[PDB]
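Asks: Okay, here's what each chain looks like letter by letter:
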Amino acid sequence: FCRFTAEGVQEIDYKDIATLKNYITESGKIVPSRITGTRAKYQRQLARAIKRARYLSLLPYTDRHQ
Amino acid sequence: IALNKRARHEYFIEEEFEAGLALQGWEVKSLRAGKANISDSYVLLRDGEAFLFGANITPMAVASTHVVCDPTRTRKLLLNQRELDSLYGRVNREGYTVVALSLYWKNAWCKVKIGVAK
Amino acid sequence: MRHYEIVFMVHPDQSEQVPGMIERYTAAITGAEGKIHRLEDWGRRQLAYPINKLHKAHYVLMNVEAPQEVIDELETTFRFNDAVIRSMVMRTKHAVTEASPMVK
Amino acid sequence: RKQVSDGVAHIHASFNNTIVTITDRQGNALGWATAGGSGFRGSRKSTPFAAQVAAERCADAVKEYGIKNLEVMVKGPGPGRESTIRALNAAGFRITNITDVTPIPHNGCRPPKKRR
Amino acid sequence: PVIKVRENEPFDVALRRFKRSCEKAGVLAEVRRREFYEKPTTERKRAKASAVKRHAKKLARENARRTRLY
RNA sequence: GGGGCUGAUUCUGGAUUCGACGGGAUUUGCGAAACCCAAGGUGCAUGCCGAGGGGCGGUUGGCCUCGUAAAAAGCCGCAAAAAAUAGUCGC
RNA sequence: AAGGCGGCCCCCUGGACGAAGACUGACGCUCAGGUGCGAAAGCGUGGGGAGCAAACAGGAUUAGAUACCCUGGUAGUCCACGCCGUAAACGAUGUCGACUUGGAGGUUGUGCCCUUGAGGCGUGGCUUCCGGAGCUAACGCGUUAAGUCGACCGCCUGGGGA
Ligand SMILES: [Mg+2]
Ligand SMILES: [Mg+2]
Ligand SMILES: [Mg+2]
Ligand SMILES: [Mg+2]
Ligand SMILES: [Mg+2]
Ligand SMILES: [Mg+2]
Ligand SMILES: [Mg+2]
Ligand SMILES: [Mg+2]
Ligand SMILES: [Mg+2]
Ligand SMILES: [Mg+2]
Ligand SMILES: [Mg+2]
Ligand SMILES: [Mg+2]
Ligand SMILES: [Mg+2]
Ligand SMILES: [Mg+2]
Ligand SMILES: [Mg+2]
Ligand SMILES: [Mg+2]
Ligand SMILES: [Mg+2]
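Protein chains in written order, with the authors' numbering: chain w, 10 to 75; chain 5, 14 to 131; chain k, 1 to 104; chain p, 13 to 128; chain z, 2 to 71.
Don't read these hints as lab results, they were simulated from the structure.
Mixed in with the good hints, there may be bad ones.
Claimed, not checked - What follows is a set of in silico ranges between Cβ atoms, one per label pair, in the way DEER data are often shown:
hint, chain 1, residue 1, chain 2, residue 2, range
1, z, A50, k, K35, 32 to 40 Å
2, k, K104, p, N119, 31 to 39 Å
3, 5, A20, w, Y64, 37 to 45 Å
4, z, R55, k, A28, 52 to 60 Å
5, z, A48, 5, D60, 43 to 51 Å
6, z, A50, p, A41, 30 to 38 Å
7, 5, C82, z, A30, 22 to 30 Å
8, k, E16, z, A52, 55 to 63 Å
9, 5, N69, p, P89, 36 to 44 Å
10, 5, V41, k, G34, 30 to 38 Å
11, z, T68, w, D25, 48 to 56 Å
12, k, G34, 5, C82, 44 to 52 Å
13, p, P117, 5, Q37, 24 to 32 Å
14, 5, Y117, p, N119, 53 to 61 Å
Beta carbons are placed, not taken as given, at the ideal position from N, Cα and C, and that holds for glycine.
Taking the hints into account, I'd like the entire structure generated from these sequences.
Replies: What follows is the structure, encoded as structure tokens:
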């Protein structure tokens with residue numbers, strides 16, 4: 010039930026920060042495909058989007074850090 | 014009309030109650046579209062009296078995607094004060110898997126015939 | 001050419017120099033006979049973490065088609081311009097036209 | 013002295029010893045007490061009872077600044093991750109945040125060799 | 002794992018919530034895993050042995066339950 | 001530039017999402033805190049006091065009981081979909 | 001291709017695979033000698049040097065302990081140039097190619113069909129597990145063969161001595 014195959018999105022943007030906040034977790038980590046259910050290709054493009062947002066400080070590296 | 018294809022590969026059903034939801038008329042222009050879902054229609058019954066979970070509101074989205082009715086809505090079911098004590102005692106211990114069997118009408122609402130799939 | 005995508009953050013006290021950055025980088029791109037497709041000022045935004053002891057930042061997005069020499073000139077002027085803290089230049093295959101997902 | 017209101021707790025539970033340190037909000041450590049000083053040495057101080065009586069010694073140490081609020085930052089693995097803040101509940105200052113500040117490197121410096 | 006307290010929530014409940022949250026977010030597991038340097042061959046070999054036992058139990062429960070035993 | 005198609009139920013029509021979850025209301029029939037009412041059933045007794053209890057914590061301002069000093073009742077989380085503990089031996 | 005490769009971005013760049021077409025028309029395969037790449041440790045020159053850490057010192061346990069365990073700690077690890085050419089360099093399985101019952105998944109395309117919702121019907125490539133006839137000394141390998149074959153190359157002839 011991968012939402013990327015359920016909404017047909019071709020290339021995952023890295024600025025839909027709410028839809029990336031769905032796939033980061035309470036500490037700032039990345040929830041794996043065993044918990045979401047994403048196909049692995051969109052999981053890797055998701056991980057690249059999370060890394061670009063984390064470098065751009067849209068998302069946090071860790072929920073603790075300051 | 015609709016049908017789910019998650020457990021459509023999977024098992025059959027032991028119990029039938031005429032437990033339809035009272036789905037509101039904020040979604041008539043997506044009801045008469047054709048894009049079917051009764052997806053992930055697992056219902057859990059509790060002190061909230063048969064909350065269904067996560068009803069995907071038909072992403073045709075003619076209402077400019079802000080609020081059609083809900084992104085995902087929880088809703089209850091139309092059964093007796095005795096049938097929702099029987100099914101209450103049946104459901105409220107184990108986290109069961111129930112599902113709708115169709116999506117049709119009796120000229121007023123979208124009728125759901127529920128059932129547990131062991 | 002290519003389709004470079006430049007998104008960069010500016011120091012919040014230098015937020016009124018930023019339209020000058022828009023004009024100067026637009027002119028330094030268009031002078032090389034190279035197009036420029038979309039351009040947004042997101043405004044100030046609170047950060048997830050303090051970048052260089054600083055908690056608000058001014059986001060600017062643009063999507064450029066330009067040759068690689070003037071893109072790298074833009075990159076070294078980003079590195080030697082003090083007002084910009086971070087700046088990402090990502091090479092995309094296709095040039096965009098539409099609106100960003102954050103502005104809506 | 014300066015009888016401040018809020019404090020922060022620091023529980024550095026490690027694999028052998030468990031240290032409790034009430035600091036202020038700003039960073040100055042007001043008082044502290046250790047499970048190794050609280051009446052043990054060697055084998056005993058890697059048990060959470062030692063951590064809870066360390067927190068009791070620390071409650072003695074700062075039952076005079078007027079501490080009426082206290083957020084707890086636990087750190088590290090080991091015995092006194094839970095029973096230390098159980099003892100701080102027994103001491104009775106109010107707890108708002110229970111945060112975990114364990115230093116997790118993102119594959120940084122090489123850890124030492126594996127003990128045979 | 003910064004966890005607040007909420008009003009009308011006793012501290013045994015708040016500490017249980019912090020406990021389960023830190024446990025599933027993986028602080029204890031990761032400090033025990035990053036204490037000593039598990040050499041890269043032992044990393045790959047422990048991963049292969051874990052995958053073998055994972056697949057072996059998840060196949061062998063059917064391969065043992067396909068009959069009667071009582 | 002007019003006409004037909006979406007005011008969903010061939011309209012002289014009565015819930016019919018049988019009964020949802022919460023209603024403002026009425027005859028019926030049965031609890032004493034639903035009740036006028038006994039000494040109508042029944043006597044060392046009564047209303048209001050105070051205080052304590054399942055490996056651990058929480059919960060009934062109350063389930064149970066007691067009177068110049070400390071005891072027995074009803075319910076939840078405490079991992080079972082991959083998981084928690086040990087120096088000394090040479091021939 | 002093998003060694004190997006793990007945050008993100010740019011520049012240069014090789015290879016694979018898929019689709020409909022088009023094209024050259026045996027241009028193919030293997031390869032002694034020959035060459036190139038070849039983990040780690042090691043060496044040379046010059047930098048760096050936080051962690052870790054052979055050598056070394058101290059503490060213990062011990063009968064002794066030149067070891068495990070503890071406290072330190074220099075080479076080295078690292079960067080650029082080179083040199084060495086070795087590993088249980090492992091799938092202990094040379095390359096290429098053909099044919100031979102199936103199932104379970106993963107991965108990456110792609111055709112069609114109403115993608116009528118997160119489907120369904122096929123074809124490719126790559127990849128892990130179970131297993132059939134066959135084979136095998138047995139274990140087991142089993143359409144990625146250790147099956148049935150073909151082409152070319154390498155290598156072995158008892159254990160030590162080596
Ligand atoms: Mg150590
Ligand atoms: Mg002898
Ligand atoms: Mg020809
Ligand atoms: Mg040769
Ligand atoms: Mg080397
Ligand atoms: Mg050297
Ligand atoms: Mg030497
Ligand atoms: Mg040197
Ligand atoms: Mg040093
Ligand atoms: Mg050799
Ligand atoms: Mg190897
Ligand atoms: Mg190998
Ligand atoms: Mg060999
Ligand atoms: Mg043979
Ligand atoms: Mg086999
Ligand atoms: Mg053969
Ligand atoms: Mg053989």
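Asks: Does each hint hold? Answer for all of them.
Replies: The hints, checked one at a time:
| no. | hint | in the structure |
| --- | --- | --- |
| 1 | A50 (chain z) <-> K35 (chain k): 32 to 40 Å | violated, 57 Å |
| 2 | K104 (chain k) <-> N119 (chain p): 31 to 39 Å | holds, 38 Å |
| 3 | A20 (chain 5) <-> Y64 (chain w): 37 to 45 Å | holds, 42 Å |
| 4 | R55 (chain z) <-> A28 (chain k): 52 to 60 Å | holds, 57 Å |
| 5 | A48 (chain z) <-> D60 (chain 5): 43 to 51 Å | holds, 45 Å |
| 6 | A50 (chain z) <-> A41 (chain p): 30 to 38 Å | violated, 46 Å |
| 7 | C82 (chain 5) <-> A30 (chain z): 22 to 30 Å | violated, 43 Å |
| 8 | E16 (chain k) <-> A52 (chain z): 55 to 63 Å | holds, 58 Å |
| 9 | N69 (chain 5) <-> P89 (chain p): 36 to 44 Å | holds, 43 Å |
| 10 | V41 (chain 5) <-> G34 (chain k): 30 to 38 Å | violated, 51 Å |
| 11 | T68 (chain z) <-> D25 (chain w): 48 to 56 Å | holds, 52 Å |
| 12 | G34 (chain k) <-> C82 (chain 5): 44 to 52 Å | holds, 48 Å |
| 13 | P117 (chain p) <-> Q37 (chain 5): 24 to 32 Å | violated, 53 Å |
| 14 | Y117 (chain 5) <-> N119 (chain p): 53 to 61 Å | holds, 57 Å |
Of the numbered hints given earlier, the model fails hints 1, 6, 7, 10, 13; all others are met.
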